[PDB]
Amino acid sequence: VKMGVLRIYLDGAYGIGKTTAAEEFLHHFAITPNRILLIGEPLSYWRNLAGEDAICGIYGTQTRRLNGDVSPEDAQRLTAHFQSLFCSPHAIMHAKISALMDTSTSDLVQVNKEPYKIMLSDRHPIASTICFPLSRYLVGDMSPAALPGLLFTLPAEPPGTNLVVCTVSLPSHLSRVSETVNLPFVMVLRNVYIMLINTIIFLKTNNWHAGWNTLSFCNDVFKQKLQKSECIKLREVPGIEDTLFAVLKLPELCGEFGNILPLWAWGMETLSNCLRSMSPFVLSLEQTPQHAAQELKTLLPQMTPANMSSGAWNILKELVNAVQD
Amino acid sequence: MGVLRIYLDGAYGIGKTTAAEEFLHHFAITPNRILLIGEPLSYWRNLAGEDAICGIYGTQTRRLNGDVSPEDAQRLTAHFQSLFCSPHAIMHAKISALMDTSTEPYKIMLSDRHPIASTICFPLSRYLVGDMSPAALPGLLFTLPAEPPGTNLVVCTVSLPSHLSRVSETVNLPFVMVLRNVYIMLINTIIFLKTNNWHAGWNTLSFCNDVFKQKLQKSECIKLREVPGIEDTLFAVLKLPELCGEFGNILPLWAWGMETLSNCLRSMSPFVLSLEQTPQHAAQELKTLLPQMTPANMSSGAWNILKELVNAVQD
Ligand SMILES: Nc1ncnc2c1ncn2[C@@H]1O[C@H](COP(=O)(O)OP(=O)(O)O)[C@@H](O)[C@H]1O
Ligand SMILES: O=c1[nH]c(=O)n([C@H]2C[C@H](O)[C@@H](COP(=O)(O)O)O2)cc1/C=C/Br
Ligand SMILES: O=c1[nH]c(=O)n([C@H]2C[C@H](O)[C@@H](COP(=O)(O)O)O2)cc1/C=C/Br
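Chains U and E, in that order, give the protein sequences. Under full-length UniProt numbering, the residues of the first sequence are numbered 8 to 185, 192 to 338, in order. Under full-length UniProt numbering, the residues of the second sequence are numbered 10 to 112, 121 to 185, 192 to 338, in order.
Chain U extracted, bound-state conformation:
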């Protein structure tokens, strides 16, 4: 009864327009209703996650830090708290979906006439568990203490994840927004995502323990560049220093001799395991939503497909519709 689907997670910085451009893609291809399934960001839960408003809280906390209404040491812990709120929703979902995914190691008895059903999603779990938390650290708004809980506890990623990092020119990104507009965080966020990509590619060939002992620890000088120049350049064959491991080499995770502590190592392993499965793609949103979406279309043929029960797709759809409700 099988049929191949196309899991596509659309990520990148915020305010860039990856949503009004992800929707304009649904209108001009969903000519046939059952050929595409969209899953939007769960604001409804973020803005009322068991009582607190993750969004307001993550920003308000910074405003509260500047006014000195709270200790900078607490403001960091306080941040970690809110930042973490974004995790659950996206995770409950992703975890369910991985369950409806057919991981059949076998030959095909029959083929399906129809084209592959593409299920588009707004942001991938790593955004909450790795991209943002890491950007907060780099900018100094959050304490590293919360990285293990998010980076090292990642669940096995099922084959076929297509991560599409959206990108916009810098001066244009600063208009799509004007929540708070401060270069430091943005400049970093953009950078991090670029690293993410380099990390995925990197991980495709080499192990995380590559030039680890050749990776200078993460210092304030490094963080400074990340908040100013948007350095980190996306490159053909990435090296350890063009990845996220450049940001993970932290004294707080290593011991006396300067070795990354045992557990934390095992963690790097799973974090690698996850990112490595992914199929990285970059999509420019520097133009009319029409183009952005058209471009995304040209990529469909390059993405890695996965298999799932025809029945399940119909179920998934209902669930997705049951919660985006």
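Below, in silico cross-link-like pairs of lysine-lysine (DSSO-like), each with a Cα-Cα straight-line distance of 27 Å or less:
id, chain 1, residue 1, chain 2, residue 2
1, U, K103, U, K9
2, U, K330, U, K103
3, U, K246, U, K217
4, E, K103, U, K103
5, U, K310, U, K246
6, E, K103, E, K124
7, E, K262, E, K238
8, E, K262, U, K103
9, U, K236, U, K262
10, E, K103, U, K217
11, E, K217, U, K103
12, U, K310, U, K9
13, E, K310, E, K217
14, U, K120, U, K330
15, U, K262, E, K103
Chain U residues, not near chain E, derived (Cβ > 12 Å throughout):
id, residue
16, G22
17, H35
18, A223
19, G224
20, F235
21, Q237
22, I253
23, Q300
24, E308
25, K310
26, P318
These aren't lab readings, by the way, just hints derived from the structure by calculation. For each residue, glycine too, the CB sits at the ideal point set by N, CA and C.
Given chain U, work out where chain E with the ligands should sit, using these hints.
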């Protein structure tokens, strides 16, 4: 070959460690027959920079002195409490990978506390006592990973007046009284889950109110019972208005969450061990239980590996 995964939990200060060790010294006559994994204090006391333990307690002291808003003190707590998760999880997740899921004296690998202690028992106790905001429950309860078959949860128990001497960190009835209660519920929940679905008498479960919380901090009510009912479980504590909508229905995602939370707890094989006596007895009793526990299968090779890893981090 077949191993015996045994996780030893319960309240703190009770002595489940000096009694879990006295069990290793007596039956490890043959070296390769038993493997112990102790609590990773070394990481808790320096988890990427902060000392989870001091922070969870100090935050309370800081709350009483009014050095910080009670609203922040709650969020601040959630933060630290969460720190306890990673270590235990990195481990457990690795171990699940070395477990053979393929369709004479078995090697028993004893562990100090099971991940649910950090992700469900303690966080929940903090809530009930009012030291933590519910906002952090979904992140810990609903994101639980598939538990592999063969988990033997052994909840240790001590008499009340005796428990208050094993400790005297901070000694305050409210939290203890609750912690004891919660663990009892956990057990009742596991059993309960064996037969019925979480959506049983859900619509007959009164929401969680302050009156309820009050009893949980005073009488150690919650009694362990043969055939548990919805109200003797943890679901009695999970029915929260903050998780339900207007009409009073538990919101979609949170439901799916309950599902996975149930999925986990249900796999477990619950056992109660009394530490109200000489460590010798405590351990001897635990031995009598070995034959009742559910065994799992793993590569002989893996066991040797696991051992090395365990030894590699328990140094
Ligand atoms: N069965 C017992 N009888 C008397 N004292 C005990 C017993 N078990 C433990 N203790 C004492 O109480 C203290 C706390 O117990 P511990 O083993 O550390 O508990 P836990 O496993 O909860 O951390 C120990 O340092 C020990 O001296
Ligand atoms: O981890 C996060 N942290 C965060 O602060 N945010 C923030 C970023 C932004 O203000 C808002 C989400 O809106 P858009 O990203 O669609 O513009 O929440 C988002 C995530 C990620 C969720 Br997965
Ligand atoms: O989640 C937790 N939260 C917590 O505060 N603690 C606390 C409880 C205790 O002070 C200390 C651990 O010592 P024992 O439990 O062995 O006596 O950390 C522990 C856990 C659980 C880890 Br899994």
